[PDB]
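Chain I is fixed; fit chain D onto it per the hints.
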Amino acid sequence: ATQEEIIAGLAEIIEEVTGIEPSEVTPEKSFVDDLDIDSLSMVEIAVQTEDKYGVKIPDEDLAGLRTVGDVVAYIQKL
Amino acid sequence: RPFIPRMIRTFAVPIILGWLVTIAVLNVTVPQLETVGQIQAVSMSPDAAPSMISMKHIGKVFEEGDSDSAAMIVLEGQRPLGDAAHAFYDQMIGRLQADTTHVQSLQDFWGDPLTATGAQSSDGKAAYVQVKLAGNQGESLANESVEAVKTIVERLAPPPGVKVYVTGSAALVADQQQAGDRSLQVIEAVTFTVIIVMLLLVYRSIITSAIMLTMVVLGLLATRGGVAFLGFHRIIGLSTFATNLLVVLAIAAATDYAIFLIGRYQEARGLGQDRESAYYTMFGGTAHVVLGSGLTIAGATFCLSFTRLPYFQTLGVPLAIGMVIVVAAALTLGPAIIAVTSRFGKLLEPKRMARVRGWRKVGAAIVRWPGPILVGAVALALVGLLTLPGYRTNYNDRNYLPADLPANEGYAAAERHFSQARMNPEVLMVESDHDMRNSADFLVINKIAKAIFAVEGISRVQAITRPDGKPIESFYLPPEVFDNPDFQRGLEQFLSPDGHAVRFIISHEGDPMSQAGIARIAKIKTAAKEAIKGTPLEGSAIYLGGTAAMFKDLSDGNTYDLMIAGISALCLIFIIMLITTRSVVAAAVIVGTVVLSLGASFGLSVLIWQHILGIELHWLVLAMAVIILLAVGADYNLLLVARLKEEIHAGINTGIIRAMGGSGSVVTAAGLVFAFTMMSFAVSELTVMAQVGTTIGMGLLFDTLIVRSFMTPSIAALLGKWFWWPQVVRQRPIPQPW
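If you're matching them up, the sequences are chains I and D in order.
Each residue of the first sequence is one higher than the one before, counting from 3 in the entry's author numbering.
Numbered by the entry's author numbering, the letters in the second sequence go through residues 21 to 493, 688 to 952 in order.
Okay, chain D solo, but in the shape it has when bound:
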């Protein structure tokens, strides 16, 4: 125990210099983390799911790019677009086709009169074209292509009375990354002032928070450089959510590790310990807890199961590596910077008057009435569970972004005239493995489209029958007019040159990412399977590419990765508790309390978000929030139980009140800091990140005020011998003289 600190503190100056020089070399030669994430991103569509297989085969057969990224462009004005707008659009299309490294193919529809109706709006005041970029959606190539398209758009002078924006799903994720990068700095600043204002209150000094600002920014730069190095050499991947969550969670976790560290330092100062002893007691007390909790936050993220999307695999691998870098930065730089900086007088000061008594008095309501309070806390949790019958989720991202962005503003412009889900299409394929270019095949092909149509919310399908998408009936075409250049202009954009894989572009009704819109995917697949049954298309693989099926396949892994995380993270908590503490059943209670309080967290966040603000929870707000809640609630309960173990020598019930008194101020401060830092996402231009942060913050408030406060200690009191059974339990210490 006195060895690792004896290597970190005695070499404090050289290791701080090493940290500075490595940060410098990771920032000057290796690009900044924003540009590294831009150069090294991950797909937003799967890589081992039918949806991705569909797009891959589509690219294979159609020779229209081996990727799935598809952007859109909108030209809206104050009146119907004239011929000048058409000339400008033609010039822009020619310029786009001139580029080859960025755009793989052009799915031009507005230019061609035969399918111009499928682009222009009902009122004639808007139009759109679909481009196919290079690289998967949300990947580096896709972002580069989006930037190239935007630069090309801005280079040309728009005709008077008409303005141009960029829409589409790929453009949406690109602009999402742009907004994330742009708001990263403002979130940094707002968190830095929030930590300043809370340290001014909990420590009675301003420089004590300036040093914390320096430490937090140094740790953030260190993790940024590490992740930049690892993603610059193509070792790992990143994304917009991964980057923004990494940065902000790193700030929050670094400031919470600092809160724990210098709060145990404050406790030591209050207890009379000097600087050199406060350092080592702080280490021996909370460094192991920080290690365990950082390993939990890393292992749970990394073990987000092998899911269809990199938004889980490569949202948990770089997050795990970043969290390892952040916990290493904590354990090494934090102690060293503390030893070197808090060696000057009048820099730290304790405020212990009005916070140590209100956490010791509430502790008395847990051991003399363990029954009533325990059942009350469980009743509060179940009341939170009472809204599970009315739980809802929404996979849309347009509603989770500001309207000032170019992509969201283009969506608003499109919605002004279009009343559809036009910007988010869906493609279905059927590989017959034979020439599908005869009259009978065309007659029977519309059966799939009609069967898909029967499902609610698919009121218009842009199938091969006609780009217009109006469901008239199964079209029939004479074989004499079968082969003409005009028809070929669309037949090359609907069927393979020889004919292997079909495509059925589909537009939903209302929100395409809603629960109904994604449950529609199973119905679409079943209808496709039934349609090919009893027909020459039997035995074909129904691969469903697009965005709705992309989300369906991705959400199929929600239960899988949630269960696998609730196994692996809890097993790691088992290991940590068995190592730095002695119990096996309590290692299960510490996670049972958290999983029970997850219901209360969900109830609070759906009452605050859905019932009041009228906004449901994004699916990322489910998995990520739940896993981070498990990890951080485990951190808090682990600190509580570690302190309890440190105070078991005087008794179990009295140990509970001792630990409450000794830990309540620090845990409450840390929970408030984490909650407010996460709620700082409300001005992040990423309302999905705002929902994640607000849910996590409210859950952490409920943990620091209810769960950690009463629920866990009440259980510990009710079951005494079954909470430290391996180490043998004597509820009272051997009776002592007065």
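So that you can see chain I by itself, here it is in the shape it has in the complex:
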């Protein structure tokens, strides 16, 4: 489904940016709490999505997204 595809894309970006395998990446966990992801890493994820695919997450909005669920929902909305 679309959800699986978007989650797989995000997990591939996760593997590229900070080298954690997509296998254990699930939408039932946060970024900083578990994966030790800095605000800059999330910014890199946003830029990668914007470039490779057609999506835009404006500034002063990534902070409001804490869990993978929030990010995937926001992407699906647009």
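Treat the hints with care, since some could be wrong.
Straight-line distance between alpha carbons at most 35 angstroms, and here's what the computed DSBU-like set of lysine-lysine pairs gives [unchecked claim]:
no.	chain 1	residue 1	chain 2	residue 2
1	D	76	D	747
2	D	739	I	31
3	D	859	D	76
4	D	80	D	366
5	I	79	D	859
6	I	58	I	79
7	I	54	D	145
8	D	145	D	467
9	I	31	D	371
10	D	739	D	467
11	I	54	D	743
12	D	371	D	80
13	D	381	I	58
14	I	79	D	366
15	I	58	D	859
16	D	371	I	54
17	I	54	D	381
18	D	859	D	366
19	D	371	D	381
Quick caveat, the hints were computed from the structure, so don't treat them as lab data.
Using the frame of chain I, we list chain D on its own:
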């Protein structure tokens, strides 16, 4: 693309044997590079400037040698010198005059009582004599003459309580070359251990750095042999600065080319590529970049414009040829030695854990906030520019050498008693083209000396009026006492046998090579022109030989050759970017970033050097450092933009972070190696080379941490279509499915 590597690697063993045999034949029959530079040097005074014309005409008319080299000798002791010292000095003078192939003429002053006051110090504990050697200052003949004078001095037994050293500008450059040659080996060793210690950290092996040591020393020997061959047959010329900078920059550039090569090799190994594929990907990736950057470092140096001094023309021609030899050595021997040596297991190993993530995270602060970071980087550059209002330069070389050298120690001894700029005189001439041996001409000749005196910092002039140099007034001499042997003893050292060209020996106040001391040259020329105006000397050519005018005429070319290099090197960068990449405006941005960061580099190097350490920047530290900074910053930014182009397929903004992640570790390692190798000049006995190296190293640190890191990619992000416009720009790749 798979052809030149297929000729370099398949024939790796025969070409390595060829390199070894050519190095052997260039080192056994053709002398070593040090002796070749000693036998083949270039003038330190101009060849197409008024200063050199002055000395040439002076030699033509005075029959005192057709060159400008002038050395000095100091006899200092614990008490005033007695008659024993005078006898020893007379014997030494006779021995010096006996030699003819080395010394062209003797400007003896201490021997003659009438002018002995002009040699002995105020306290009477020192004296000096001026000799005129063969060949131009800093040339092979001048160095040979300096060595001959030193050997003659050491052959004789000094009287008890007095020691002898050799001073003067020609002796200063000779001892500068001696120090350069002596410290070449220690710089080689220190750089070799620095590369070892950094490879132990970036590659996790010691043999991996032993092979790099072998490669770097082989390349250094190859370039040494090539330059030795080309300078042994009188084809080109060399100098002390040319030789030392060639050697150390060759070591730094060879080790940086190796860093790029085996770092892309390390990246290939991390990506799973084998040896034979890592070799070809390394070539296709960085061999063209190395070629472009070597051609830049060669073309910019060679195109240091046709300047008054060989210290630019023949500092850029042999440097360009040496850099061509070094880039050829890279492109041929490096791949071959790699293919033959890194074919054994457990010799290379990658360390990629903690360096690929901190260069990809900093890359995210360039594309999501391109504005704030770009303006911040430009603000840092402008803050560096903020000290331009208080920028200073110093043309002196005594302050840029250790005190343990014979020349600098003689300067210290002279300064202990003399409080002047005595060891660096200045000569002015006026060709009246008629006999200047009448009373009226002598009365009016002192006008030029007095007019020169009016300028600040020329408080004493050793003119024809009196060697003492005390400015009393315009002397007048009766015609009856005009012609006597005693007066002729000095009149042959002041005016031509018939009288064509005058000489005005001049001693400055304080540092003669300072900004004021060199701005004094224009004032001297204007005063001379005004003095000859309205007098029978009108229409004469005011040629100003010496050292202060030598530096003035040479520094007049600073703007000229800087602009011409900033045209030619940037045009070559244009060509390289259009060939191995596709853009025209970005070929201008890649050099605009560097020229903007030049202000920050200058600010950092003047805060570190002048504000803290209290030492200003030598004029050679301006031109050479700026041009090498342009070339090497262009190398780094060119590697960055080449990687960006290789990663444009996935997007522009994402290409920036991809290139940063993929290139940051290697570029940082190379920049640290280059910076520390250049900073190794701090123990080079050449503090001017230390300033050049430290300035270049700090500029490269600022480039590898700020400019290349954020400033260039921020601009690339802000202007997307205007950065690859000729090749057509789609900022995002055509939208792809998930």
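Inset, instruction - Please work out if residue 58 of chain I and residue 79 of chain I have their alpha carbons no farther apart than 35 angstroms. - result: 11 angstroms, holds
Legend entry - 35 angstroms limit on alpha-carbon distance, applied to hinted pair residue 371 of chain D and residue 381 of chain D: Since the Cα atoms of residue 371 of chain D and residue 381 of chain D sit roughly 18 angstroms apart, the hinted pair holds (cutoff 35 angstroms).
Legend entry - Pairwise hint evaluation, residue 366 of chain D against residue 80 of chain D, where the allowed Cα distance is 35 angstroms at most: 70 angstroms, violated
Inset, instruction - Quickly compare the C-alpha distance for residue 381 of chain D and residue 58 of chain I to 35 angstroms and report which way the hint goes. - result: Given pair residue 381 of chain D, residue 58 of chain I holds - Cα atoms ~20 angstroms apart, limit 35 angstroms.
Legend entry - Pairwise hint evaluation, residue 467 of chain D against residue 739 of chain D, where the allowed Cα distance is 35 angstroms at most: With Cα atoms ~13 angstroms apart, residue 739 of chain D and residue 467 of chain D stay inside 35 angstroms; holds.
Legend entry - Given hint residue 145 of chain D paired with residue 54 of chain I - CA-CA distance at most 35 angstroms: 82 angstroms, violated
Legend entry - Hint consistency between residue 371 of chain D and residue 54 of chain I [alpha-carbon to alpha-carbon, up to 35 angstroms]: 29 angstroms, holds
Inset, instruction - Starting from residue 58 of chain I, check that the Cα of residue 859 of chain D is at most 35 angstroms away, please. - result: It holds: about 24 angstroms lies between the C-alpha atoms, which stays within 35 angstroms.
Legend entry - Hint consistency between residue 54 of chain I and residue 743 of chain D [alpha-carbon to alpha-carbon, up to 35 angstroms]: 72 angstroms, violated
Legend entry - Given pair status - residue 31 of chain I, residue 739 of chain D, alpha carbons within 35 angstroms: 81 angstroms, violated
Inset, instruction - Sort out whether residue 366 of chain D lies within 35 angstroms of residue 79 of chain I, counting only the CA atoms. - result: 53 angstroms, violated
Legend entry - Hint consistency between residue 371 of chain D and residue 80 of chain D [alpha-carbon to alpha-carbon, up to 35 angstroms]: 68 angstroms, violated
Comparing the model with each earlier hint shows violations of hints 2, 3, 4, 7, 11, 12, 14; every other hint is respected.
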